[PDB]
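This structure is in structure tokens; I'll ask about it shortly.
All protein chains but one are shown at their positions in the complex.
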Amino acid sequence: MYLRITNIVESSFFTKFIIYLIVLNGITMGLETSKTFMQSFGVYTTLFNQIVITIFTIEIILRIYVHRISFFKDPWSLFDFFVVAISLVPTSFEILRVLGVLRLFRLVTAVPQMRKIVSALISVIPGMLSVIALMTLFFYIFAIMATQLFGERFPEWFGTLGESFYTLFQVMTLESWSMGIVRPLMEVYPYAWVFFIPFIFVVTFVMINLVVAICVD
Amino acid sequence: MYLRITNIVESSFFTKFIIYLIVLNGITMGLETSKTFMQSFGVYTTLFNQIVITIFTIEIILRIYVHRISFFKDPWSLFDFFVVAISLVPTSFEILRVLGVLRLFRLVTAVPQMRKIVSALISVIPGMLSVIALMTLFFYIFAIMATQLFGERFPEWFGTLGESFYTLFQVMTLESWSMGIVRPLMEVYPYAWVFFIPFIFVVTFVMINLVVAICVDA
Amino acid sequence: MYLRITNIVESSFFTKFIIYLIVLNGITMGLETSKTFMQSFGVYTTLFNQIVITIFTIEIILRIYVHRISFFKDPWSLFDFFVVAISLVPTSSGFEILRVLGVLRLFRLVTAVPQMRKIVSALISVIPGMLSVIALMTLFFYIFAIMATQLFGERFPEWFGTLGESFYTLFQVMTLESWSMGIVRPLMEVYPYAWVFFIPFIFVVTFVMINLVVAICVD
Partner (left out) sequence: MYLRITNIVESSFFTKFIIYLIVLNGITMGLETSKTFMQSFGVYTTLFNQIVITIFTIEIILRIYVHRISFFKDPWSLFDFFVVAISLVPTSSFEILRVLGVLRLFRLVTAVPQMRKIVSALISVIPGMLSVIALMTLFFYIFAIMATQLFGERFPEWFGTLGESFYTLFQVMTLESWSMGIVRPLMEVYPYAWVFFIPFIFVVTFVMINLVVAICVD
């Protein structure tokens, strides 16, 4: 019976079908948003999710036996598997349902062309780790400082290695960094800009290089 | 009578005179802006609009007879047709009068060099369709996620897949995303930062490669 | 006697000396910022300023005769010339902003200096390959600045009361600065579909902005 089921999972019919449910549950998950709607046909819908999830589980279960050890070294179906397993994680923390919406990323898994444009991006990740690790330590060394400078008067923003990491990141984005965060800060600590215009130059400079680093390909 | 209009239509003056009329009315419509202007000379103007509106029909009719099928596979001319039809609709939704202003774009269509710099731009879109579509899926899988997260206390921003799409887009543009959206939210949802800091990395990450792609895809 | 003064103007030191005065006027203009400075040394200071402008007119005049028809074919010296002439114009006859643009003669630093003359000149050469684009933008702006004004100028005169205000506001949206909270979401209170206007504009104007650089790393 082994060679029987082998024909099912990868038929032209199957993949398009899994894809189909994906776009469907994709849609279906997009409708499960409307409140007007659910009072009319809400039940009609909710079933289909488990359906897709079960099929996607069947798909995910089938995809398992035929490949055996082969299924468990691929990002995509494991993705789907999580995406399915997440989506399989029973209907009641509640985000699995939500990450169940990632099962609409199974669209990325079940559909070609998507798989490619995705993998093309990642190939760039390796050349940046040198830079990223720098950033995280860089942010961290600063997450330590901001906290023990500005946590005095500004506990919302720099009270915590957490909040300082947050607020710093926001300044990195240059979002309300001045009017929203620094000009306030400078009211209490007249010399704060010596921390931030540099933080801004530095992190501004670095981020750029990472890109030139990218345009190495 | 066939071969008559073809030399007119394909004449240097034709190209140059159509272009002439455009620049005329482009000015004219920047004038239809002043209220100061219209209660005095509204008459003189509105007419010239119906005037220009008419000639360009001839041109399009002439260019139609002259190219026949050659015209309606011409983006530049196809555009022309549409951007013409809009302005002809009678004088009273009132937005059409306004869309009547789009007619200043045939200036891109009718003038050489313009057809070209634009075509250069559009031609890049094919290398992007893959990404946009991913984004759109990404945004959607996420506007879905955000909406089935934040619409209770924050119906203004995330009440609808729409405002979520919008807000996400707004967050995407990075305009007031933290002080304005994440920090309020965090007044109520302390770990909201785990949703938006990643969406921000990803939606940003993706946008990046896309540009080196352009500079690299050449 | 012509070649006498001619050899002088083009001396290594002359070049070295004009460059010098620029930096002087550069600084002296920088201390007239402090009221402390002036209430002590308003006398001491203001006097020193007429000195340089005349000299810079002199250089400009010398550079004129020594070069004749050639001087007013020199941007830098013309710059200088105006920058000097700008800097030359009297202290009260009209509007009072002229005293200041003399500070552009501190751009004469860019004019008198060789390595600076260059880096500045390096930037400019990029322009020929882009003119194609800016003009499209400029047009693009015009076509949109027009629409917004006769759309949102009824209710939003601060931002869109005038084709001017619209250009401004459109420009602001372009930078994505407070574009949503500050402008689009407001608009949307009265005109609910405005996002259909701006998301594309934001889509398009941003797009155009991108291609223009690849063109640069192409030139």
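First chain written, first letter: the chains are A, B and C, and each begins at residue 1.
In this text, a contact is a pair of C-beta atoms (placed from the backbone, for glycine too) under 8 Å apart; a residue touches a chain by one contact, two chains touch by 3 or more.
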item: Displayed chains contacted by the hidden chain, counting the whole assembly; value: A, C
item: Listed residues C:19, C:116 or C:188, member touching the removed chain; value: C:116
item: Touching residue (missing chain; options C:62, C:106 or C:145); value: C:106
item: On chain A, residues whose C-beta touches the chain left out of the figure; value: 130-131, 134, 137, 140-141, 143-145, 147-149, 161, 174-180, 193, 197, 200, 205-206, 208-209, 211-212, 215
item: Contacts of chain C with the absent chain, listed as residue ranges; value: 26, 29-30, 32-33, 100, 103-104, 106-107, 109-110, 115-116, 118-120, 122-123, 126, 158, 168, 171-172, 175, 177-178, 182, 213, 216-217
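Going forward, only the chains that are shown with their structure count from here on.
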item: Longest centre-to-centre distance from chain C, chain (CA-based); value: A
item: Chain A-chain B separation of Cα centroids, rounded to whole Å; value: 31
item: Distance between the centres, which are taken as Cα means, of chain C and chain A, whole angstrom; value: 44
